[PDB]
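Assemble the complex: chain A is given as a structure, and chain B must be docked to it using the hints.
Next come the chains, spelled out residue by residue.
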Amino acid sequence: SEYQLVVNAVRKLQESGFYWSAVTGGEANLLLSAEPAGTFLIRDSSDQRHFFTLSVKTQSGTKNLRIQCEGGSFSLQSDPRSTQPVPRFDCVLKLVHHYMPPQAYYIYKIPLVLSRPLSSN
Amino acid sequence: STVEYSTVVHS
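First to last, the protein sequences are chains A and B. So the first sequence is residues 29 to 131, 141 to 145, 150 to 162, counted in PDB author numbering. Throughout, PDB author numbering is defined as the position within the second sequence, counted from one, plus 752.
All clues given are correct.
Here are some of the chain A residues that sit facing chain B, going by a computed Cβ distance under 7 Å:
no., residue
1, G53
2, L93
3, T111
4, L153
Just the calculated beta-carbon pair ranges, DEER-fashion:
no., chain 1, residue 1, chain 2, residue 2, range
5, A, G100, B, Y757, 19 to 25 Å
6, A, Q131, B, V755, 26 to 32 Å
7, A, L33, B, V755, 25 to 31 Å
8, B, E756, A, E30, 33 to 39 Å
Derived from the structure by calculation, the hints contain no laboratory data. All C-beta atoms in this analysis are idealised placements derived from N, C-alpha and C, irrespective of residue type, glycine included.
Chain A with its partners taken away, still in its complex shape:
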């Protein structure tokens, strides 16, 4: 706890296969440019107060959603107009599952839908 929880969360995130080290926001755009909507990856944030950012190919182009790490649990940055509290997760696989609806939450009003992590090749 207090550091072990954080480092264990980071570790497991790094290990997940969703995570792309040494990829910028611009490079995420390139990687996701030719991919179908709902293709996503997690990468390092270039922001001072964030470790990680989720990049997702949406119906309306590539969007970026900062990941919050409070208490060593993960959540996606939430609009204060949310009527529900922010769901939070002790692992990234659960986070990702939560935002995989079948054909649901939205971004400012376009659906946020993850479907498949970006693969190498």
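Showing chain B alone in chain A's frame:
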């Protein structure tokens, strides 16, 4: 590439 940020509406 323009890098656009968003937040999620949880409702």
